[PDB]
Amino acid sequence: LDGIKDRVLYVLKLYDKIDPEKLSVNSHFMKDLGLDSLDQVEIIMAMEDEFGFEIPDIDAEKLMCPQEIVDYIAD
Amino acid sequence: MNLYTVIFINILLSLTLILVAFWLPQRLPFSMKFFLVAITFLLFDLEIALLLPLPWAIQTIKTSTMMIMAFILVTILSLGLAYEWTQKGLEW
Amino acid sequence: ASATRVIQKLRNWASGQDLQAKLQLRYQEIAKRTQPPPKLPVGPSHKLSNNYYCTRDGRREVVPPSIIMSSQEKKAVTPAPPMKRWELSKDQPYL
Amino acid sequence: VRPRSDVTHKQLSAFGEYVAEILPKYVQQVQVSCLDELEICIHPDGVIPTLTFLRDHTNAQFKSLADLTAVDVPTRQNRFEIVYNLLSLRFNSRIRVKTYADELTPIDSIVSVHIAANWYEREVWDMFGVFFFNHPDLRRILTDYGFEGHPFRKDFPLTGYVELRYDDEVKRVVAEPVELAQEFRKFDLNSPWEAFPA
Amino acid sequence: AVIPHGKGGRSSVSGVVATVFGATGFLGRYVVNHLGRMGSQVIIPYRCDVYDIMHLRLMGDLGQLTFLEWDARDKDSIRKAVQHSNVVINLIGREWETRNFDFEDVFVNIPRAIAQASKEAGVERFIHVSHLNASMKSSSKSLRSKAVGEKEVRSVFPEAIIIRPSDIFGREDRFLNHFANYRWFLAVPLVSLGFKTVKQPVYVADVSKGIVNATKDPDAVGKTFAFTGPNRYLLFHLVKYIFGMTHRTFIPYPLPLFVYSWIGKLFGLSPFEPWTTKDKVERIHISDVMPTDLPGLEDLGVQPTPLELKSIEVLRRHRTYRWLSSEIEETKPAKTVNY
Amino acid sequence: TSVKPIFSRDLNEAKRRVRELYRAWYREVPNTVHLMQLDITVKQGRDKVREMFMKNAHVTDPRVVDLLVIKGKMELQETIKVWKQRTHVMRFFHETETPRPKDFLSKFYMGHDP
Amino acid sequence: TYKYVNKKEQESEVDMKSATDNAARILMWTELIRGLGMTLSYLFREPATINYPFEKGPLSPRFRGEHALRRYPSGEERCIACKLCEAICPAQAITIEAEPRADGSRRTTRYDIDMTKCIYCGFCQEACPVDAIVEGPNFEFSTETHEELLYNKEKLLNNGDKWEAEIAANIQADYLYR
Amino acid sequence: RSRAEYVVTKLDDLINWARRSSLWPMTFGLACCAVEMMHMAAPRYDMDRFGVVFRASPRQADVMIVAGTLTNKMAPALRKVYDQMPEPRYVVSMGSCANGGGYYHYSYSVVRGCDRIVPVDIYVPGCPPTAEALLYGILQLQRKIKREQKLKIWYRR
Amino acid sequence: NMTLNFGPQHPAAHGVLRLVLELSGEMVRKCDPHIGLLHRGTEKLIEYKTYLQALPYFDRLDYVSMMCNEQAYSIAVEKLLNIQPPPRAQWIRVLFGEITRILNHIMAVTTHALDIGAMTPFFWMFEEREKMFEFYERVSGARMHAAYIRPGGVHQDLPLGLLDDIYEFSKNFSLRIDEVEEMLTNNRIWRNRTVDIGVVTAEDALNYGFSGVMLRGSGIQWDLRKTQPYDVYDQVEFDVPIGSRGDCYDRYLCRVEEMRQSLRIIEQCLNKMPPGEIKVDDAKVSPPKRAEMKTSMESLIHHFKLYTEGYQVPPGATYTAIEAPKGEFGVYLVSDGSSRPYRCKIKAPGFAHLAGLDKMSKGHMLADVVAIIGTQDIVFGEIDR
Ligand SMILES: NC(=O)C1=CN([C@@H]2O[C@H](COP(=O)(O)OP(=O)(O)OC[C@H]3O[C@@H](n4cnc5c(N)ncnc54)[C@H](OP(=O)(O)O)[C@@H]3O)[C@@H](O)[C@H]2O)C=CC1
Ligand code: SF4
Ligand code: SF4
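Going line by line, the protein sequences match chains B, S, C, R, E, F, Y, V and P.
Each residue of the first sequence is one higher than the last, beginning at 1031 in my numbering.
Each residue of the second sequence is one higher than the last, beginning at 64 in my numbering.
Each residue of the third sequence is one higher than the last, beginning at 339 in my numbering.
Each residue of the fourth sequence is one higher than the last, beginning at 700 in my numbering.
Each residue of the fifth sequence is one higher than the last, beginning at 214 in my numbering.
Each residue of the sixth sequence is one higher than the last, beginning at 10 in my numbering.
Each residue of the seventh sequence is one higher than the last, beginning at 533 in my numbering.
Each residue of the eighth sequence is one higher than the last, beginning at 372 in my numbering.
Each residue of the ninth sequence is one higher than the last, beginning at 7 in my numbering.
Among the hints, a few may not be true.
Simulated restraints, written as ranges between beta carbons of each label pair [claimed, not checked]: (1) F/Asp70 with R/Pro896: 53 to 59 Å; (2) S/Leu75 with Y/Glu676: 40 to 46 Å; (3) C/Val380 with P/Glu209: 22 to 28 Å; (4) E/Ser483 with S/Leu115: 21 to 27 Å; (5) V/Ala389 with E/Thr437: 47 to 53 Å.
Here are the simulated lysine-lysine pairs, DSS-like style, with alpha carbons at most 25 Å apart [unchecked claim]: (6) Y/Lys539 with P/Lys36; (7) E/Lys523 with R/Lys885; (8) P/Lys365 with F/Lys90; (9) B/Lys1047 with F/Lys64; (10) Y/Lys615 with Y/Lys685; (11) E/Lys293 with V/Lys523; (12) B/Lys1047 with F/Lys57; (13) R/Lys853 with F/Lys80; (14) R/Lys709 with R/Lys797; (15) P/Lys311 with P/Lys295; (16) R/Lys797 with C/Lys422; (17) V/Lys381 with V/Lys521; (18) F/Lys52 with E/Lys523; (19) P/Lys365 with R/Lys762; (20) P/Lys311 with F/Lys90; (21) Y/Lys685 with R/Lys885; (22) S/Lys96 with S/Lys151; (23) F/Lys52 with R/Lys870.
The hints are simulated quantities; they were obtained by calculation from the structure and are not laboratory data.
We put the CB at the ideal spot given by N, CA and C, even for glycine.
Same shape as in the complex, but just chain B:
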């Protein structure tokens, strides 16, 4: 799970706009680090690749903080 979280963080670190400094498992880019709605969708897409797991928009919209991502990725 920590490693999973690392994977999540890893992906974010990769995304251009996301700032490595502001990034934290509790950061909500939609509202905090300033990621656009569309960007959040793009992030989920990268996660879908890194984790090879598909996320429905209904749930993906609900995921706007890395930790939340980790939580969903968890289940």
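With chain B fixed as given, assemble chains S, C, R, E, F, Y, V and P with the ligands onto it according to the hints.
Leaving out everything else, chains S, C, R, E, F, Y, V and P with the ligands in the frame of chain B:
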């Protein structure tokens, strides 16, 4: 040798043409039917072979056995064909 | 045309038809050019009398569509009389 | 002056009333032109119901769809006037059912009622932009693959906004904004004098 | 003059009537492209049969491109070409000294007569193109001769712009295709194993756009611009990179130039457009000069375009079916050398 | 007011659909750049997708949005089911056309009617 | 009145004779041989082709062919710039601008028929009141360059002078009809 | 006669004669002009007589007759087929629809000429350019092909 | 089902058809024809043109049946004006209407064979076609794209002598059709590639709006020329060639039979064409004779206004359909009181037929698709409009 002489002239004539021709100017298509045909083809091609010596075998002293043999071969293959028709084979 | 009889006979036979009678190439049967000058007929309306246009102008005597059922016992009626069955030809019914 | 038989203007007129009576929930106006042609007009919601009654009614069988078109009256709030012309090989008569659709208020599709409409409905979307719900595969038919804009709309320039030429630098065909070398001369033709009361 | 009316695309007018003597060339093709796109009047003097200049017809609009029969030895032909032009652009050049035309002719002799007449005509401006790093003492006869020209033409035509491009990068160019075509050769000789001859390519279009912008700008008079590029390169990465996109093995083996100048001499003997030239060879291993000079690109208004960006298009034809779909991202980039 | 809903009852539901299309295009950009041998960068293309999806960011009405994706979906279909060849796709990038300046002084210097 | 094509009126029951005739039709390709006879027959017919440069396919007087502007016998060009030839051209091909000539007469300063735009309808021939613009007989005016196809007043007037003799004969033959 | 110039003039005369005598026409069969050539292929004005074959696949094709309007949806293709034709290649634009836009010039879906898409060698005029008229145009291509002097230019180059 | 994108390969032509298809080896799973490779704007262009200057567009809509198309617009514009053409003009239109049907069928039957692989029928009948074109030229001036049938009758009376030649030809053409027959009707091989290919049921043909030989071939009896007579096709007597076991071969036989029946209609028209005028006498709709406009003021005014401005059709809308050789060709011409139309949707027998390609060519080989495009006489001009 005489044949060798003729043939090399034959290749030379063709290689000459292509050479001048290039020098003067200065994914999944598969149908079992196609494979099946190729197969049938050889089963028939092999039979052609077992049938090719028939010109020499005509002069065989036996004669009766010759024909008895040859007729059996042609008939059994033709039945193979018959079942090919009966089955979806040969119906593309 | 201008074909030696034998060629014609071969032609007619191989074709199975007297192709000579109806040749495709045209020879001195086509209307000659410079046919005579034409005096064409003048139609009606050229009368010099009783030719009032008001009495011959269907163009705009036409009226706006008639309206039925505008939003602003009884027998059933069809779009039109049911069609009449066509009849087989008599010169060549079949073929 | 054309010969006119009033037999038809009477037959067709009656039928109009018959249709109207049978489908009063949708028929708004039913008129017969002076040219002996009926033109039931239906609320857009009556697209499916009015057609089906005409395709499958013993006293009005209208089996084939001659055409589906959309005049565009820009003044009219509902811009498009979808017109469906139908033929009855049984009664040798044609009728036209015309509805109204605005740009973003789609009409139902009749591909179910007549499969002829599968293509014409795609044609109406491509040219005018009306959308047809429940259409099997609505996609541009006549316009170019990347065309932007619906061409037969009265508000679309004839010459259009893009034209194509081959550019060597990029070795590929390339759109550019239209630049015409002799603009379409727009002759004004209407005369200031009317012809008749009509 | 011709007041510029229009929206900016074809069928519009920009007011530049321009003789362009060597348009049929790789650079040329591009020069006529922009000039035609802009709507300029382009007179293209040509000597090759009409069949070969057809590629220029669709460029430019009707009555915007005029083709004139012209012979370099015949002074009269140049005379009538510039009769009604107000801009003359000279791109006359070759790599192989031909039987009836010497490097002097193609670079210095002819390009003089041309500008000479242009003045007699009263053309507002003449743009003369000579290769980059062209010393009057440079090893390659070509480069030196070109240098000789840029001087002369200044006396025949004062204040005549002299853009001096580096070897050019573009589809149909030599710089990039030549190396890629070394495939036929099992081994790809590289003097000094492709080292110490840092090279800075420049996209053809950039060069073209630059040239065109010159025609329509008062700032450039007597200017000797140098269109260079967006990044330099040791010949090693360039060669391999090319082979990289071409997806063909790279086998850099050093070859003593003294012997290699001889190889150039060999192909040079070829009657039909020698593929390599003694004068070429030297040029290829002639190090690119540094960038301290009247700037070209950017200075004249176009931002250079990196080689890697469009390389995929130039080198694609050399790949095999197996790699055709492969894209730039899959491949690696080469490394620059501020040296 | 008092409009009939095309496919989305409210901007909210509609936005859901836009998200899906974005994803679709995002996942597709790479493939096209390879099946059409386009000379563009996947990243570059993906930004273009963003450009377009926002060029129409201002629309507030649900009905307009719904048609926009219908149309958007149709375009994707023409590019994934490939009926649109490179010439068609690259047109999106407006590669050949010369960009026009929007600075007043710039226009003054060039066109009678800006 | 209708007619059944390919409808077998009845089921002729096979009779040996019939069967043989049929079987022979399949076995010895009888109908195929019938088809070969037809082509052999024509091989013997005279070919209908014409030596194109030496002989020409016949065109009667109304052939529209290539545009020309006629002149009065005196030498005054017929056109008086009423410009309805421009009005009725379907393709927008003819462009006419005019001004009163020094003589004081009405004449066209510029008359440009864009032949690539023109679809050779022949309405201009129809519309002209003085019949100045006519559809000339020549159809062979293929040109190497696109610009040559655009025609100004001087080319058309020159075209008119070259073909006036035949144009006059053609109009002479067909005017009663019009 | 004896001169390297005379030998190079006679041999192109030979090369030009071969290309001139055997032009295989590739016919983009757009609109209706294709019919007015199907009449050229037909018996009144045979084209084969003149060595022009009835129909050859693009790869085998010395000339391209563009008959009919070149819409903005067929343009991207014409260029492909022109680009895939063998090098010695020539284009004949038939019809006011192709050489210029003709009726349909001002349409939003019609390229105003194929000259915009493919370089054009002979422009054959006429709404249905007559079939002799195409035959005159093909014969004019043959006059253009006779005049070309490729070998002479290489010798004095 | 590897999409092959066949049809940009100029394989059935009839125009340029990108028939994207998915074929498991040599079997067609789905055909999605693409259209618009010849869209040119014919419907929008007409709105910007006057009625008489939009007549030439109709000849170009489907130019193998050059005139028959013109008759449909004519009829339509005549209805809106409530004017009818003079008696001689009507017979002419039926005379050239039929000649045109032959021309279309010679095109459809012979071009069908060229794709199949039989090439000699095309050359045999293109010579006959040629001879017919000459009729067009000597009547209109143009070999094809005549513009002869105008909205108020014909443009100019027949030349003095044409009727006689439209006889010599007709007297012989039959044998020419007979020959083609001896080559294809019973060929042991034509039948195979054509018989039982693209069978269309009767109910399905009406449902997909086929409306042409395609319906008639399935046994539905409908000829708009007998059911709803237009011009004087009522005064002639002909037999519709209905078909059974509708398939490529049967419909073909139908097209050869209408070539035969049209010769029966042409004969009559030559035997019974009346003396009279060929254009309505209402200078209001038909342009005045040139002798009259050059001697009478009212005629010049009527000539000037008609050519410069136009008919000024009364406001209304009509859908008039004829029986063009391909099938039902109809023009829905909405018209404001203005001299230039407001809308002119051209119903093309062909937009409906192509659509049917999918429902006809199912489980069929690549060669079958080529045969079916032929049996629909697809002229991409009418479909693309
Ligand atoms: N890498 C590069 O391309 C670089 C080029 N340059 C300079 O830019 C210019 C253009 O280069 P590029 O286009 O590649 O050169 P090309 O080899 O493409 O030839 C350019 C043009 O010059 C014409 N030409 C050559 N010799 C003669 C002659 N004797 N008489 C008449 N015309 C002649 C050619 O016409 P034809 O073919 O019809 O004879 C051709 O159209 C050159 O002058 C060169 O010095 C400078 C630096 C780098
Ligand atoms: S109509 Fe005849 S006269 Fe009047 S302008 Fe056109 S050409 Fe000159
Ligand atoms: S030019 Fe005239 S004929 Fe040739 S296509 Fe365009 S319209 Fe049809």
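For each hint, the structure was consulted:
| no. | hint | verdict |
| --- | --- | --- |
| 1 | F/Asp70 with R/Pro896: 53 to 59 Å | 44 Å, violated |
| 2 | S/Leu75 with Y/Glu676: 40 to 46 Å | 45 Å, holds |
| 3 | C/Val380 with P/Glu209: 22 to 28 Å | 54 Å, violated |
| 4 | E/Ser483 with S/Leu115: 21 to 27 Å | 56 Å, violated |
| 5 | V/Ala389 with E/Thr437: 47 to 53 Å | 50 Å, holds |
| 6 | Y/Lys539 with P/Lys36 | 32 Å, violated |
| 7 | E/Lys523 with R/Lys885 | 45 Å, violated |
| 8 | P/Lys365 with F/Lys90 | 22 Å, holds |
| 9 | B/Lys1047 with F/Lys64 | 20 Å, holds |
| 10 | Y/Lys615 with Y/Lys685 | 14 Å, holds |
| 11 | E/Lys293 with V/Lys523 | 24 Å, holds |
| 12 | B/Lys1047 with F/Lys57 | 16 Å, holds |
| 13 | R/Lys853 with F/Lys80 | 21 Å, holds |
| 14 | R/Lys709 with R/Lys797 | 21 Å, holds |
| 15 | P/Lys311 with P/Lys295 | 14 Å, holds |
| 16 | R/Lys797 with C/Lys422 | 29 Å, violated |
| 17 | V/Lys381 with V/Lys521 | 12 Å, holds |
| 18 | F/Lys52 with E/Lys523 | 15 Å, holds |
| 19 | P/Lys365 with R/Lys762 | 18 Å, holds |
| 20 | P/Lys311 with F/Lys90 | 54 Å, violated |
| 21 | Y/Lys685 with R/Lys885 | 23 Å, holds |
| 22 | S/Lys96 with S/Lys151 | 10 Å, holds |
| 23 | F/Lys52 with R/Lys870 | 23 Å, holds |
Taken one by one, the earlier hints fail for this structure at numbers 1, 3, 4, 6, 7, 16 and 20, listed in ascending order.
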